[PDB]
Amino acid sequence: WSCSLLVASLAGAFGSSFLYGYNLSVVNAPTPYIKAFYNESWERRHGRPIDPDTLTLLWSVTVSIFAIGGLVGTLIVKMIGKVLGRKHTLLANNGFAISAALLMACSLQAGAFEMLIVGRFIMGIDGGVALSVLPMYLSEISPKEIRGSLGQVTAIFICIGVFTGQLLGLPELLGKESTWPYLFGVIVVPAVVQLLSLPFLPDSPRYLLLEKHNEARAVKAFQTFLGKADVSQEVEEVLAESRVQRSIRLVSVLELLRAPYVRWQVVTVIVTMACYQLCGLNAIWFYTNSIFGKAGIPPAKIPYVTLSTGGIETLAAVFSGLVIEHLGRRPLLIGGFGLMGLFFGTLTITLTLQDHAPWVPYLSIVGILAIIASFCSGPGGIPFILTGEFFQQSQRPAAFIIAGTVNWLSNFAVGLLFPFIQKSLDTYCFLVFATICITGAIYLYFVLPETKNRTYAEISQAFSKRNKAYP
């Protein structure tokens, strides 16, 4: 690790992936203060009291509109593309962080709830651009040897994000009635720490070479990031890979959907990216204090009990790299969803029988933590790995548009509908996510071929038995 690699990794992640992670969990602890604000805004404007279902929908829309933001941000990066480059896209992205932080913080003084819904949206766009461009920047600046580790660095900083959102939301810090607006206002600090540190670092040495046509700057950026003088072999490797890629005509998104000779690869990506979100793990970040409230945890303990959920996620994310190298993709993904489906089962039992003995509610804490540990040890990482292993370099750009679209639309549906599932099914609300985890696991047991240490020529031949077609 040279000097500039650390500051690029730390200031890159802190202003980008950490803010995505923070924005999942920040919304949990101020929930009763924000709903009281919506209520007292609505009656004062319309002259008639708000009804429980309207107030539940406004809160569900506030929580989930962030995912429609993220979808817009994932599509904006295609339009920006060649124009800015990887550093300047991450700098310019702070226009959305700072504007959204100020819209959400000043919503209560304005006396308008629309500012908080519009602020969550723009903060979503930020998170969509952040997660699309930071993996590009970090893999492009880094030495060849460590590009494998950095898919885990953008995962760890999301977890330190969800933990920090849960930490500031304690009633001893900012999660009080008189200081909830600062939970959103503090998002200015990650943005300003990035804006003050990224401009001193070099732009990506591939972008400078391929897309900006400036070889002298590309050499100087390689020399800065790698910390050596003779970077000749680094430049020629990037020119070689470009001379290869220039020969390739990309398969368009509608053409990838229509092609029969990739049908079960497309269907396996859609089903896996759906179950990755619809397994309801985001409903644990957006709604934790309500879940522990219904579970019968004493009202005074809930803020400190919730803080263990971001803790175990961060522990499991740090050791995630030691599991994914050992087991291979098929038993981690099947056994990951398979275990979550079991622990949503026992969670449903311990929520239902919570009145039978005073120790039973605490078993629902162990239940929720075993769900979080089961996801991050396996399913947390593998869907984006598989989407690469299934498709050629000509197909791979389009495959990640499908995979990313299905991801954000599924995150929206969980964020929006979970409070209505809790209303309707009451204590059995987790049997929905049990059914989705087990239905996903059973699909992958029958369809998914083993991909660890295997070539595209073997994996595509394994799918060919059910595609019944060839290029």
Given for the second form:
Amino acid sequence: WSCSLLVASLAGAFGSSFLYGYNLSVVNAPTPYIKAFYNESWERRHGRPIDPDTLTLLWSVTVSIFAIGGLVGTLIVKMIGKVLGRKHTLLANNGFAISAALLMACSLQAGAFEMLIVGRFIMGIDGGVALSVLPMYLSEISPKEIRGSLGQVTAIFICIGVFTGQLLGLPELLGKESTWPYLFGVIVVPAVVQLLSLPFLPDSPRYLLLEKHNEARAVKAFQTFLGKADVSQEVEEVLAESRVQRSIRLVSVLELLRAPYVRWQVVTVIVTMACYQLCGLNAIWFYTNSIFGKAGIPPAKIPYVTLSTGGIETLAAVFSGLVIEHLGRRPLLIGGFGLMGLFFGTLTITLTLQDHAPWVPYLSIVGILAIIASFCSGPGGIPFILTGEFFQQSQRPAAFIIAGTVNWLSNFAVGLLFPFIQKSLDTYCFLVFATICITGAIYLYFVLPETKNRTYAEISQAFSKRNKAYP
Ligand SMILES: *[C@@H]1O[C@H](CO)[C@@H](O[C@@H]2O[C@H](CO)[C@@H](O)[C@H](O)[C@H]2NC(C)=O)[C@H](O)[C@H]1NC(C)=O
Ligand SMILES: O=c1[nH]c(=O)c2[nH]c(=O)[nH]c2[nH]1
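Alt. form solved in complex with ligand URC, vs. the form deposited without ligand URC above:
Below is the entire complex, every chain and molecule, led by the chain shown above.
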């Protein structure tokens, strides 16, 4: 480690990954105060009281519109990444983080509810842009000794995000009736702590050697991050990789989706990425107070019981490293989506017998904590790794658009629908996530070949038996 690599890692993550993790839990705690402002703001403009379904819809849209922001933001990186660079994107990106926080936090004074829905969208653009650039920036600057470890550092800062959003929402802090706009207005601090930190650090070495054509700056960037005298070895390596890679014909998204010699590597990334969101963990983050409310937990205690979830999330993510490498890929993706099946099952029991005894509701807490801990000691970080290990650099840039598009449309499709599933089934609503998790686990059992300590040549050979075609 070196000083510049610490601040590049931390002030990178703290303004770019943490504000994804925060933005998918900050919306939980002020739920009963925001829905109330919609009610009034729909009377003083449209001249009649808001009906319960329209109110449930405006909230379902306010929560989930973030994911359409994430989709739009992901497809903006494809175009911007050729022009600005790695460092300057994570600066210019905080145009969105600040311009979205100043929309949302003024929504109560201005009286119009559009500013909060549009604010969530532009805040989604940040979450789509900065999750796509931060992994590439970190893995371009780092010594070739830890490029594997920092995949846990982008993830732990999501969890410390979802936890901080659950802490400030306690009624001791900003989650009161009067202060709720500052839950959104505080997003300016992580953004400005990044803008007053990253500019002084070097831009990524690679970008300064393969796209901006400056060896002297590339050497300075390598010397500053690696903290050693000679870097000609990495300079030559990166140019050597480029001398190979520059010959490659890239595959287009529409062409990758159809060719037979990769068909099960595309189906197995769409089916992993769908279940990674439709397993419903984001419905547990956005709507936790509703879930614990209907479980029969005492109304006065739900803010404090909720805070445990972001805790057990963060402890799970911190200990994620020492299972992902030790167990390989196959018994984790059949493990996680298998145990989330058992725990959505037993949750549905404890929600339904919630009044057959006085102690049962507190087993619905343990049920949901085991759903969280089965995800992070498990699938939490793996699908974006597997998307890389199935494909060559010829295909991989297009594969990340398929695997990125399925992700955001699934985050949207569970964040928007959950209030309507819950209203229609009551205590049995979690049998939907039980059915999708176990369908994911039965699928990956019959398809996914092991990936740890296996070459691209071996993996592709295993899929050839069902692709029934070759390059
Ligand atoms: C929207 O707000 C109004 C109040 O501004 C709510 O109406 C009150 O609801 C309570 C509980 O049912 C009644 O005791 C009051 O008499 C109602 N007041 C009026 C003026 O009707 C209304 O329920 C809210 N709507 C929703 C769906 O939240
Ligand atoms: O560790 C994670 N926790 C989440 O809550 C989450 N959500 C997401 O999209 N990726 C991750 N990763």
